[PDB]
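All chains, full assembly: derive it from the sequences and hints.
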Amino acid sequence: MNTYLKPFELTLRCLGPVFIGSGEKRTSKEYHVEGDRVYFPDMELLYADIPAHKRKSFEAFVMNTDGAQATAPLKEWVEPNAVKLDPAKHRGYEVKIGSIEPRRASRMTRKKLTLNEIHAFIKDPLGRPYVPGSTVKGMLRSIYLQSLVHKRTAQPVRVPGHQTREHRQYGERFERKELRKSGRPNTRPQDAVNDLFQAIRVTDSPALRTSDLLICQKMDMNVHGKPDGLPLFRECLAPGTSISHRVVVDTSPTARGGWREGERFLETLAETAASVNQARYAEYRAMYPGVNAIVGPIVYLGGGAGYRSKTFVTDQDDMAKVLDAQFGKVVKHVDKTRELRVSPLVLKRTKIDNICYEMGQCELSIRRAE
Amino acid sequence: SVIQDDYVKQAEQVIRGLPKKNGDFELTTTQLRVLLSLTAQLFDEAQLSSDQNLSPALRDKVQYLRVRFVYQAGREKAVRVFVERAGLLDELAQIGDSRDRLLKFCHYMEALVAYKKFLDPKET
Amino acid sequence: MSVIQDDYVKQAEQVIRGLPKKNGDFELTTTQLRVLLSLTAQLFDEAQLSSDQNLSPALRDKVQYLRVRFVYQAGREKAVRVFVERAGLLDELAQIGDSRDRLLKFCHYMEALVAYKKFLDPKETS
Amino acid sequence: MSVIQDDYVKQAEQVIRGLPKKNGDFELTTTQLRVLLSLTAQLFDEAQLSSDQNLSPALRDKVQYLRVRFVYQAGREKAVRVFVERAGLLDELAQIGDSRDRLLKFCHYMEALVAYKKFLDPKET
Amino acid sequence: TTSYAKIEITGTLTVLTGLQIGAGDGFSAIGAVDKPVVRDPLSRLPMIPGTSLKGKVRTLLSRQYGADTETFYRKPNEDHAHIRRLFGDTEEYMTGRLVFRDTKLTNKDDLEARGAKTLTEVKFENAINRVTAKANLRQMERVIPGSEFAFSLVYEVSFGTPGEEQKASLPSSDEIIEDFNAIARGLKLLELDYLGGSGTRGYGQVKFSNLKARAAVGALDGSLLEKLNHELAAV
Amino acid sequence: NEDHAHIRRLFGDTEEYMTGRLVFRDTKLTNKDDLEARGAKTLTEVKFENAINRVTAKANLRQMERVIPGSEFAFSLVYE
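Residue numbers (the entry's author numbering), protein chains in the order written: chain N, 1 to 107, 113 to 375; chain F, 2 to 125; chain E, 1 to 126; chain D, 1 to 125; chain L, 2 to 236; chain K, 78 to 157.
No lab work stands behind these hints: they were computed from the structure. You may find that some hints are simply not true.
To be verified - Listed next, the in silico PhoX-like pairs over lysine-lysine satisfying Cα-Cα at most 20 Å (straight line): (1) F/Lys118 x E/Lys118; (2) E/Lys123 x D/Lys78; (3) N/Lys223 x N/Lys142; (4) L/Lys36 x F/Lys118; (5) K/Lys109 x L/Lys55; (6) D/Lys62 x E/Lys105; (7) F/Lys123 x E/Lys78; (8) N/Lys337 x N/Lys326; (9) L/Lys208 x N/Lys6; (10) K/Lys135 x L/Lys57; (11) L/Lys124 x N/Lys128; (12) N/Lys25 x N/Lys223; (13) L/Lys135 x N/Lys334; (14) N/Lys56 x N/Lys75; (15) L/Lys55 x E/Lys78; (16) L/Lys135 x N/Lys142; (17) N/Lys356 x N/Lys315; (18) E/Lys118 x E/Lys10; (19) K/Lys135 x E/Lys123; (20) N/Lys25 x L/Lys124; (21) E/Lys62 x K/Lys109; (22) F/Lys105 x E/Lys62; (23) N/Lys353 x N/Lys341; (24) N/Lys315 x L/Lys135.
What follows is the structure, encoded as structure tokens:
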């Protein structure tokens, strides 16, 4: 450590799959499955060994103009003219698939879906997956911003209005009131140099290995307990991986660019993670059948975690007016949230053919290591 | 060869003919920032090179650029109309080993992202 | 032809006065023209030392790069977008062609716009 | 319509005594005007040896450039701005259309402001 | 001391999380991101400008000395007499005693030996809303976490600027230990900090390796260079 | 004039060794066309530096010009 800079050790153990998207989505003309495991070859190595007389056909196959109807796999084109997908000539990586399930009574016509699109995890410039430090620090700006609003408040938080523009301007002023508390001598009091989260430095995670990144499917259970398999296959993580970040606090005085009480907040970090767990989504999780409530130092990380994890709204009917200010012509949420008292209307649970559990759960712990 | 001598005049007529929705210009400048960061490094090593014929390493880098223009236009409907109208897959086959074919291609490529920002709103 | 008039110093005074205000202090700074002013000075130092009235082909491909950096810079900034349109800098750059004295005429008009920009603007002068 | 009151030595003393001083000295020194006193010497020595009564277009070209270099220097300096607007130099440079006689009165009035600048304060040796 | 000397301190600077100094802001290429990084103007290699390396270490050392003496140093020339000795000021120590350098990337061929294609990655970030969550995008460019830079700085032992009312003298051998002790204390503070950029969101974690001192000009006192190598042994 | 006797006979003074034995010359940039062939658009770069106030954490920007690396000057020095 140091005599004015105090580090910590933030370790995150994932209980469900974790998906941090990169902005990359792969089509079915790049991979092809073998049983359960799906192979991802290198895109340039399988092109270089192919001779030049068939390269004009391989360019017209990936760029779907005619022939295939943009749903054919790689084995549609490579099986007649047998170019062997060898894992030694094309140094890629192969990995398994969690589960595949159909929908319920959607036409009964028993439709069976396939893996048309796969969203990709964010990777290193070498090719290995990792966890950014901008994602974990955005989680800690929801743990601290819910413990000051779920424990106690002056008024219970009500979103004023119906339009989404006044729903926008309420959120950007509650944070700017509860976190711009530095008090520099001659500046505006709502300036970015007054933000209390400039004294917390959350570094990135070390690079993991791609041997454990399975493919999931978004299954939306309801109050009856009947999930449906949406076409949202994505390359997630698997429960069992340990992610270890480093957090550094700064013990300079306030208005010098420091926060002496963020260190005191970080020593009780597993405590506020449990107190926000019992008050926000332990009672919501107990409504849906077949789901067993855990107490835990439970936090939520990454996409596919739900609307409740990324806000600080408390009341269930308060969440429905803001969701009906951006949606509403598809499915009416206002009348449906007062019949079964739930918000949102589904639960993002997954399956790896063995145990049905949630999407994005983690187990949190910390220590004050030098 | 498709690139003219005055390439700035024909690179502007390509952008005026791109397809549009009820708004305009479904193709953005963020959908091809992985194609722009690979082109902007081929331009650097070709400029620093002194010999006229390309290196063997300066042909494996051009050949990797051509597999990204089909792997990005395949998974995007807006990009594949842009590559086929600007003729980027026809010009990359003309560059066998000549250095001045590369620099004429990289000058024409960066005159397309100039008129891509200028001929529309919504980009800062 | 000839979008720059004679007595261009009077024409450049009216261009800078016709800019949007945004609470007095101008939207356009000279820092937003820094990558453009450093290229026009390199072009002016090479056309001045030459002698022939027709531009060399090693000098006529630096005018085409200069008029493609003007278009890119006007596309991603709205303060520079109106200033380029109000002064007519893209129409003159396309009509330079190959003559030496329609390139020197462009650079003398370019100095008067920067000279009146620092004079008619506070939050400057250091 | 000139600023010169047909004496220009009393008037050049009515400007330097009215310049805004600071706690120590004047805010304007003579090292800031070296780029303008070197271009005005080339206009003096060129217009003197000409026999005509109106300026040549090569001589009329470098009065527009001295007009632009005055505006740029007054834009990026506070002390030169309070000195150009006090003497009335930028309004007088637009009065010289092509007259040789009105150009020579400017150069006489310019060096009467430099002579009293060296005299009315120390730190000019 | 006894004679004039110049001490050269070499080393290696390796990048652990992605670095973005980013002082271009307009000068960079046309096919580039909104916030580009500092590159070399001829060879297009990423660089560390040396002004950012000097100013960061002086900022971290002015807070370490400002917490042990319980005063807030408001500006330079008001710093400690140990920070204003090896970094410069304009009052009584007019020149540095420490010469920093600009640093190009060195292991370009070692990165293309592995599977790295571009020297700088492009990272997409998000800004979510804490009610009815909608997000706006930004794109960041940063140097990849395998890069290595050839760190170096020089240290000068002479009379310096004595002042108009003083008798000039050379710094004793006990004072050169206290100068080198504050260098390695200021280089251990940088391994906790982030060397320019976002930093609090995971950028710019950096590491030092193989720090050793030489005697480039003139001889030293004797059994003094080996105890300057021991102050640098703990980074 | 108080320097060493080996410095004042090479560089000169105004008391004993009136003129130095060394003549320095001004140098100009030679490899301009070599730098333009390797891709230099300008012969000088502009560097943006930034002083940070320690109280308000504000920004005091400045622009500095300098000769780019790789430039090469012809050196000459005469002895008598």
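Would you mind confirming whether the straight-line C-alpha gap from L/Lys135 to N/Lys142 stays at or under 20 Å? 18 Å, holds
Distance restraint between L/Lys55 and E/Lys78, which requires alpha-carbon spacing of 20 Å or less: 36 Å, violated
L/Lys135 paired with N/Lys334 [C-alpha distance capped at 20 Å]: Between L/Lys135 and N/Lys334 the Cα gap is close to 18 Å, so the pair holds against 20 Å.
With a cut-off of 20 Å on the C-alpha distance, tell me whether N/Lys56 and N/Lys75 pass. Judged against 20 Å, a Cα distance of about 18 Å means the pair holds.
Assess, step by step, whether the Cα of L/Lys124 is no farther than 20 Å from the Cα of N/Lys128, and give holds or violated. The given pair, whose Cα atoms are some 10 Å apart, holds under the 20 Å limit.
Check the hint pairing K/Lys109 with L/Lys55 against an upper bound of 20 Å on the C-alpha distance. 32 Å, violated
Can the restraint linking N/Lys337 and N/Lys326 be considered satisfied, given a maximum Cα separation of 20 Å? 11 Å, holds
Has the given pair, E/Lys123 with D/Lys78, been kept, meaning a C-alpha gap of at most 20 Å? 12 Å, holds
Has the given pair, E/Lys118 with E/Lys10, been kept, meaning a C-alpha gap of at most 20 Å? 16 Å, holds
Going straight from one Cα to the other, do F/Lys123 and E/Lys78 come out at no more than 20 Å? OK: F/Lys123 and E/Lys78 at ~11 Å, within 20 Å.
20 Å Cα cutoff - pair N/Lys223, N/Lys142: Violated: N/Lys223 and N/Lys142 sit about 26 Å apart, past 20 Å.
Can you confirm whether the C-alpha distance between E/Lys62 and K/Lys109 stays at or below 20 Å? 16 Å, holds
Comparing the model with each numbered hint stated earlier shows that hints 1, 3, 5, 15, 17 do not hold.
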